[PDB]
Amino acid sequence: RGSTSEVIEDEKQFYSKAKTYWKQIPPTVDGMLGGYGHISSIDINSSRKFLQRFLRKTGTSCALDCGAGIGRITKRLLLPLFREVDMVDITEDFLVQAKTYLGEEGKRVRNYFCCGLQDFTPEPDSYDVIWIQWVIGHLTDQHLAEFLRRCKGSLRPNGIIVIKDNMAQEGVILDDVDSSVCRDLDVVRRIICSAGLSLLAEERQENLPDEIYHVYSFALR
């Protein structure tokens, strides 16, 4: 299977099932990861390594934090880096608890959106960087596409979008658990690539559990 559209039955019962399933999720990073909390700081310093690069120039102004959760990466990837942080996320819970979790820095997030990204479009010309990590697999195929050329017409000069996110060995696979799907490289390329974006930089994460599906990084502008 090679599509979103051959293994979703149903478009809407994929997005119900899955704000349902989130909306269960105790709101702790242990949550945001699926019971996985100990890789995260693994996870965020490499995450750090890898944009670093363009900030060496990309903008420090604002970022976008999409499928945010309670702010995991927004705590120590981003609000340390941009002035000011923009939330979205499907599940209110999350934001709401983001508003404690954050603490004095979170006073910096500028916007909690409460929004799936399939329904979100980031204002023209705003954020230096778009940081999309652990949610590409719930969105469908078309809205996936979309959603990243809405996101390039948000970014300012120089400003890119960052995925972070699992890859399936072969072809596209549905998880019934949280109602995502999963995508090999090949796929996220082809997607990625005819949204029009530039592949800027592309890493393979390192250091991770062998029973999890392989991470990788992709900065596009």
Second form
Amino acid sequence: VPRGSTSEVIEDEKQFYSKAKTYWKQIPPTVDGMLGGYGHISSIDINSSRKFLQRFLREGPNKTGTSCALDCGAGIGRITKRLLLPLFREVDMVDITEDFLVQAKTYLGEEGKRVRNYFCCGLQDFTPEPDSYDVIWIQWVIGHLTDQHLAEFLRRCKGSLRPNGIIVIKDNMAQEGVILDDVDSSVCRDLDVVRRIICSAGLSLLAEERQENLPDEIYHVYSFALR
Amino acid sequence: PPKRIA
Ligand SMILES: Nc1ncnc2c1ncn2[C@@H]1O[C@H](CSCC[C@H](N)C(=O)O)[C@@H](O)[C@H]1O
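Having seen the form deposited without its partner chain, can you show the form solved in complex with its partner chain?
Now the complete complex, all chains and molecules, led by this one.
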């Protein structure tokens, strides 16, 4: 049987979180560190993310606003710099790794002056301000949370959306089940698991898209827009 | 990050 939940694969939740924190503390604060040796795919990623997001920014009743975005698991701000700052008047960042948020101030340069809050916190401990964000962007980090913490975090995110706001998840997906990476202390979940968690959080799918033009050897990557 | 299928 494939595993369907993190409670089948995580031996010790405190250790699951503490190992991950130790792992990121020893990664270079660079794009290649953010992307696990795949820094070269960054522009492919950012281009696809932009096209994806722009579907929600068209004029009409449901137009997503452009006042403020939240970058979750932001690291040094790769996504903040190239995707979000150009489109949103202000951006807030949240990440567990202080060294990355420090580096972000250099990495983001002058445009980084529009980053408002730098929150140094685990997602599992973070409660975003109600009615604050037009877009909450969650990329390449959901594997670091347990199913219970991810569902809860998504509920808190829902309460922080402005009218017409969306949450975006973009992440690695397993073909089947829930797969533990015991080196970076994360899990990779299949699309059925991720959709289940989204539904548990009282969220609905607006769109789902597979990322194209990636190296053949890596986990498939999907984007979900939610409200 | 993006990563090799184990
Ligand atoms: N529990 C947690 N809460 C918040 N951030 C976490 C976390 N576990 C890991 N992270 C952060 O998740 C990031 C993964 S690297 C991906 C960085 C960014 N999303 C991008 O795509 O460029 C690192 O910056 C790491 O510090």
